[PDB]
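J.: Now for the letters of each chain:
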Amino acid sequence: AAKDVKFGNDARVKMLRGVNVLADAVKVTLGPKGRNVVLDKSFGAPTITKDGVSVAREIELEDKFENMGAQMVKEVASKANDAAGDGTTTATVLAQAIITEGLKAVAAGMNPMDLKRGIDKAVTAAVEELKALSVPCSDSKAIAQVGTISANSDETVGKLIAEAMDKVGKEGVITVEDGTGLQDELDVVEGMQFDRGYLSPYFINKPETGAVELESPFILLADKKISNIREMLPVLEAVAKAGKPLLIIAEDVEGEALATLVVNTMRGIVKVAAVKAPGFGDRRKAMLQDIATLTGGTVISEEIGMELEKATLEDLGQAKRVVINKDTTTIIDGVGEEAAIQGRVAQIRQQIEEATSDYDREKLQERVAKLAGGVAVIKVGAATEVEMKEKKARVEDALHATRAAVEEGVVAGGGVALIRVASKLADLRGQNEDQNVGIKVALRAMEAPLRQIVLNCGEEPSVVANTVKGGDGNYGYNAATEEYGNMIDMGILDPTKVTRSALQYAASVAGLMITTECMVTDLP
Amino acid sequence: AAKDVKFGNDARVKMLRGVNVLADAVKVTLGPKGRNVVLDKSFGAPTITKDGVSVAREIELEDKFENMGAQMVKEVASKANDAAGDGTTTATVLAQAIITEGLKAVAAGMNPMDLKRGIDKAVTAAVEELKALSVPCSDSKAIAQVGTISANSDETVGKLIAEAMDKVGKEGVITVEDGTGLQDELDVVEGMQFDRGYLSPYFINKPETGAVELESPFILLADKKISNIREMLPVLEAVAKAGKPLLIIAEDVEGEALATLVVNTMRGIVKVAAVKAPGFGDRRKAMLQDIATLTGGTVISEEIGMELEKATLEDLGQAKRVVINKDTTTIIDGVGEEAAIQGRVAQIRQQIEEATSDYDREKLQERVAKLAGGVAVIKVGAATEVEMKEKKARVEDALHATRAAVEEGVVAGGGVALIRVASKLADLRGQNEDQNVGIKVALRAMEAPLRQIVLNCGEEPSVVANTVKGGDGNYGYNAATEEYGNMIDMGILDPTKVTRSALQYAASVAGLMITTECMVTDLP
Amino acid sequence: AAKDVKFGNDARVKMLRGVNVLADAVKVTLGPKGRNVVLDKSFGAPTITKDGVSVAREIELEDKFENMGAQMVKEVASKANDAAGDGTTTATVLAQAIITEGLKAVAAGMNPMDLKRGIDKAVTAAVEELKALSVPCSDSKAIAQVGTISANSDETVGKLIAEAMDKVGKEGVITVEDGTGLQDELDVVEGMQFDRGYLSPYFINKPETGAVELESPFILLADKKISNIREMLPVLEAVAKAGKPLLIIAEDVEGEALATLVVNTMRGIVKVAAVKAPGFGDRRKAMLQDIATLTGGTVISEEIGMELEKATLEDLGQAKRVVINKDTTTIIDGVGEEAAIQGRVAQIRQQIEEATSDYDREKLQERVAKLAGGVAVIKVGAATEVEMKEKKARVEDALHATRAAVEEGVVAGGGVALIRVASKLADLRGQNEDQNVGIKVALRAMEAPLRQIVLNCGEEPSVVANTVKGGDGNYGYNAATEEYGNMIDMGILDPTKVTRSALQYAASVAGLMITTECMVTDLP
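Residue numbers (the entry's author numbering), protein chains in the order written: chain I, 2 to 525; chain H, 2 to 525; chain N, 2 to 525.
In case anyone wonders, no lab produced these hints; they're calculated from the structure.
Any given hint might turn out to be false.
Remember, identical chains collapse to one label, so a pair may be satisfied in a single copy or spanning two.
[Said to hold, decoys possible] Here are the simulated DSSO-like cross-link-like pairs (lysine-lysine), alpha carbons at most 27 angstroms apart as the crow flies:
| # | residue 1 | residue 2 |
| --- | --- | --- |
| 1 | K321 | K51 |
| 2 | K207 | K245 |
| 3 | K80 | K327 |
| 4 | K226 | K51 |
| 5 | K4 | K277 |
| 6 | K371 | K245 |
| 7 | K380 | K226 |
| 8 | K105 | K34 |
| 9 | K393 | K51 |
| 10 | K311 | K470 |
| 11 | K132 | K390 |
| 12 | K207 | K4 |
| 13 | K311 | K226 |
| 14 | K390 | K226 |
| 15 | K286 | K207 |
| 16 | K51 | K105 |
| 17 | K122 | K4 |
| 18 | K364 | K207 |
| 19 | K226 | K242 |
| 20 | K225 | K171 |
| 21 | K242 | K393 |
| 22 | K132 | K80 |
| 23 | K122 | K51 |
With the rest of the complex left out, here is chain I:
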């Protein structure tokens, strides 16, 4: 494949145009009074929406290079949401902001290396400011507080959320399942979770969630890497006639067996999916056992000669539910006997006796939690199935922000937070004058979001922005009501975490480009 290569401006310019489209197309949907975009559908009527994430999703340009520029942003803007639950759009909005100016500068003659530096500083600083401005969120009050707000005023919601964490704790594992009747339900059941994503997106059965929800399937707990499909045939056929799904946990899976399942499911008879096992090496040993214990399943160790072909359902584990996302597996309600489960706990507990290390003691501990801790669940109750699954959505949302709000507190959410922080460090200087500009850009870029909202609401950006600078603290303008005040009291906020994330990620990608001198790709 002969490539097409561009340098300096030629390169950067393309990337710029590229990004812009993305931004210009996704930014118009920002405020609570955002405009809408039309996403043409292949089959049928087009789709109208104001959801930037969706918009962004569809964006892909013909001009490679320009297209790269776009994808480069989308990527990190996604990562932002990935690690905060929102911002996806905002990050993009800022991303442009920076890139645009900083990219004129480089092209104006100014040194890029510094520009980047200047910015990073600005960010770095503002990030602190954010920490300052942030308002703690600890008590079940603060908790239900934010919840209901992010749940859109709905108090019942924030409520459960607070109750929840009040049960399995703030770090506890909470989940959501459609309600069976009209009543909401909160139950705590033997469960567990760990960071480990599916080995194939083609496993997803919940497109809008990019997740995989399975119904009380069986569970496999291998001890080797699974490359060849042969070993499965026995069990794989057992669960086939068992009429239930099946989850797998082991070292890993080579396409041979992997690529097969993927297809075997994506429009195939038995539909199942699998994910690596948590921890590595000596750790994993126990780690998987804990799981066995909990799911009442048998662990197939080759270090025991027991092979996969040598395995029947009696050897599998089982839970009532289980979901997987891009990088996290969690199981609900393990059939494992309390006698068994609890006992295991004793075992471990004991083991923590050695305490030969605050790492080993900390490790055993962590397992104790996962296993003894449990997983709390919720069942969004509702009248109609619509409101039902709808409500269920808002919930999962709120839950997010809340965890975040908890982690890093919260701040003014109309893009306010940024405006504030900016006006703060408005003197902040750098060595090279090229760094000052670097800083300006950064700062002036933080005005973007707000200005954009105002704009999308058909209001005067410059004007609103100004008066917002005047005030202090979480004093801002509520675009949705056109009334200024305490954005937070007015129930308009953003988990400190996300705002930061967004801003950092944008800065990240920005300098990244500002320092890019070459671009390679295929020929048209």
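Starting from the known structure of chain I, arrange chains H and N on it as the hints suggest.
T.: Just chains H and N, lined up with the frame of chain I:
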């Protein structure tokens, strides 16, 4: 296939444009403060990086001819790393440097035959200078020294490395495996290695390494060349239901049986690989046997009537691990009974009694080494699987430089070494004036690396360069800190070996071109 | 197929451009200080080389006609080598030389018929001169002499070569096999050779040699023409399970059976080959019998009813090796019992008793030779496998020249010989003035090689050429050292045979063209 043919300049010019792209695209990533390039991925998000090696890898031009020029460099610049562990980029950088000027010259009217000559001299000379400036690296101090440095300050690293060599010797065979826990582990075990690479890149299972790591597979010890696949069927199916990989060692393998395996593995059931046997003729005889012993396997000799179809696992050898690269195989931990191995030693040892030659005594000896010498292993301990495998990486790196550092010592690593040597032999003249020029180009080309770094850091090349010339010895400029001093004391150096290699290879290819008068290739 | 037709110039001009490319591209690599050409490779890195033969190989133009002109040269230039072991390039160079001028002439108005004539005379004459200049090569001194020289100074080489011939005679049959150890080995063994080449290029398993080396394969001694594959199945299958190669010898083979084996081998199970039988009619009878005896194989005569389906391994013959080329087959070490062989001799010897003719006696004689004469083999000893097979190469080289040297002595080899002879017959006139010119062209064309070398070395052609004309005998200029002297004493020579060959062949094709008036080919 009707070819397209160009001569003299027509040829050379294309070659030049060709090279430049490669260099202009890979050189921006040189300094510690290098810029980054964006490599477009077919599926998904583009890739940003500052790793020249990666960049280079992706480079391929549409214009054949121009594309040749590029591949021609890539080739030798690769060979450089191949025989030094780094420089890949640098070599390239210099490559251009020379090529550019010397190619204008030829095109200016000057004699090419001389220009080349003039250069080679300059190189020749500078190579010596390097020997001079080169600071030895022998004691375990200098070893863990350089190691911990190339490992990026991490002293724990340079440590194990010194220990290692301190175990199986400087020439001993050291390997690396992921750590089971958090602790690093250094163990010596019955193992071996020999210069013989895979007979198919399509065997690689470690892309970024271009290596084939196999998990305690079975081993084959044939005694013939293998063309037809038949013979395997018995065993090939045995290790199939054995669920383990398998390694082969014999005369060689014709596509018939070879090509089949290639596919058989690249997206195939039983995934395995094979390599030629060390030594030739009478030599190989014992050679292989030695291995058998170590692996506890049986050698299938046709000179015994024994055939492959006539073979069961009881004849395969075994080692917990084994890895192959472009041109070198190495197995780890042979299951052969110590009684056996050690016994075999006795045999050979005695055999050295003949001593009927310092080649035969030398030979028998070497074998004694491989076998009884053993192979040292290292398990990179770490908290996280990320860091873990990450750290593991840096290790293998350091190890490299070290081996090289040992072989030839080390020198100033900021391109410094070159600047130095250049300013040194700055009078150096040649017969034909076309040789002086030849020499200049050469020398002035040595300033390339440094200047480029300075450049990439957004600093004044000409200026830094100058002041570096001023000082002497290993006195240079640390681009990462913007402070001049003892590049070596500042922990900034390069294994004498690599710098030379790089420089020699660059010089090689350059003249090669400068003396190229014709170019053949297919038609667009 | 509608053709495209050109006449006179239209035709000749195309041929000219055609030839030029070939020559301009291959000539640059003539001297010991030749420049190099780059031969693009489909997969991977391009190839750099200074080997005309290779370059030539790759040459094929898009413009049919022009392409023809090229191919026409290549063909004969190859034949040259074919019948001398070198010159391939040189021939081409001269080829151009003549063609260029003489073709201008025809196009200038002069008569073609004479031009050709005029040249042929010049050649004719110069060929004699060459005989004069030629210095014999007979005693084992001159023999080891020239060998070691062509072997590139390596005396050890020229040694064995002299020894060899010193064994089975100058006309004896000598071969080369890789050495088993480090020591060189010369052995005489029951074996034989005869002028008969493979019936398919797709048998070559030794590309760079265009040879077919087979390891101790079985041997078939048929008596009819093999058209149908059937007859083989019994035996073809026995050797399939016997796991060894197989050779055939009979009347001939029709695609039906032929084309099948071709593919059967080229990427196929059983991989073997076959060549026509020595002698025609009455002669072939005995002939094959002699072979049978030697290999201990059975002769399948249809004049005995015995068919091929009616034949087992007990009927095949065997030799430890056997190699075929474009037109010569030779077997090594036939299992035939000495009692049998030596006995077969007694038989023949007697038969020579008849002496009824000096053709019949001569013939019976020859057979005696082939059989009892035996085949001298050599085993290039070497440290490394590289050097080994490498050295092995140079050997075969030397051997060639030596044979030729023997046949016609040797001469100055820097293109010297030609310059000499040229300056000699510098008056030589012709009838038609168109013939004088014919003669000039010819002569002036002999300066080509030398001039080209000097040129490639970056030296003054005109000048050196001049001073060489000045001297006499084998006094020439060594381009490699830039020192004039006795080219032969300086170890720079050419088997009288080759020089001639080259020169004649070039002359051949040249006039051939000069006398061409029409050209036919397919349409673009």
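J.: For each hint, tell me whether it holds in the structure or not.
T.: Here is how each hint holds up against the structure:
Taking identical chains as interchangeable, the C-alpha atoms of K321 and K51 are never at most 27 angstroms apart, the minima being 36 angstroms within one chain and 47 angstroms between chains. Within a single copy, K207 and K245 get their C-alpha atoms as close as 17 angstroms, which meets the 27 angstroms cut-off; across copies the closest is 36 angstroms, which misses it. Within a single copy, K80 and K327 get their C-alpha atoms as close as 11 angstroms, which meets the 27 angstroms cut-off; across copies the closest is 37 angstroms, which misses it. For the identical chains of this complex, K226 and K51 are neighbours neither inside a copy (44 angstroms) nor across copies (33 angstroms), given an alpha-carbon limit of 27 angstroms.
Taking CA atoms no more than 27 angstroms apart as the test, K4 paired with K277 passes in neither setting, with 36 angstroms inside one copy and 36 angstroms between copies. With identical chains, the CA atoms of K371 and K245 are at most 27 angstroms apart within one copy only, with a shortest distance of 26 angstroms there and 34 angstroms across copies. Taking the closest pair of Cα atoms, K380 and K226 come within 27 angstroms of each other only across two copies (20 angstroms); inside a single copy the shortest separation is 36 angstroms, beyond that limit. Only between protomers do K105 and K34 lie at most 27 angstroms apart by alpha-carbon distance; the minimum there is 22 angstroms, versus 31 angstroms within a single protomer.
Only within a single protomer do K393 and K51 lie at most 27 angstroms apart by alpha-carbon distance; the minimum there is 20 angstroms, versus 45 angstroms between protomers. With identical chains, the CA atoms of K311 and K470 are never at most 27 angstroms apart, being 70 angstroms at best within one copy and 72 angstroms at best between copies. When the C-alpha separation of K132 and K390 is checked against a cutoff of 27 angstroms, the pair qualifies neither within a copy, at 35 angstroms, nor between copies, at 34 angstroms. In the homo-oligomer, the alpha carbons of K207 and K4 lie at most 27 angstroms apart only across protomers (25 angstroms), although the nearest pairing inside one protomer, at 37 angstroms, exceeds that limit.
Proximity of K311 to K226 under the C-alpha cut-off of 27 angstroms is restricted to the intra-copy arrangement: shortest distance 16 angstroms within a copy versus 31 angstroms between copies. In this assembly of identical chains, the alpha carbons of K390 and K226 lie at most 27 angstroms apart only when taken from different copies (17 angstroms versus 38 angstroms within one copy). Only between protomers do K286 and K207 lie at most 27 angstroms apart by alpha-carbon distance; the minimum there is 25 angstroms, versus 31 angstroms within a single protomer. Taking identical chains as interchangeable, the C-alpha atoms of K51 and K105 lie at most 27 angstroms apart only when they sit on different chains, with a minimum of 23 angstroms there against 30 angstroms within one chain.
Proximity of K122 to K4 under the C-alpha cut-off of 27 angstroms is found in neither arrangement, the shortest distances being 36 angstroms within a copy and 37 angstroms between copies. In this assembly of identical chains, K364 and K207 lie within 27 angstroms of each other by CA distance neither inside one copy nor across copies; the values are 33 angstroms within and 30 angstroms between. Within a single copy, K226 and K242 get their C-alpha atoms as close as 25 angstroms, and across copies as close as 15 angstroms, so both meet the 27 angstroms cut-off. Proximity of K225 to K171 under the C-alpha cut-off of 27 angstroms is found in neither arrangement, the shortest distances being 35 angstroms within a copy and 36 angstroms between copies.
Taking the shortest alpha-carbon separations for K242 and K393, neither the intra-copy value of 33 angstroms nor the inter-copy value of 45 angstroms comes in at or below 27 angstroms. In the homo-oligomer, the alpha carbons of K132 and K80 lie at most 27 angstroms apart inside one protomer (21 angstroms), although the nearest pairing across protomers, at 50 angstroms, exceeds that limit. Proximity of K122 to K51 under the C-alpha cut-off of 27 angstroms is restricted to the inter-copy arrangement: shortest distance 22 angstroms between copies versus 34 angstroms within a copy.
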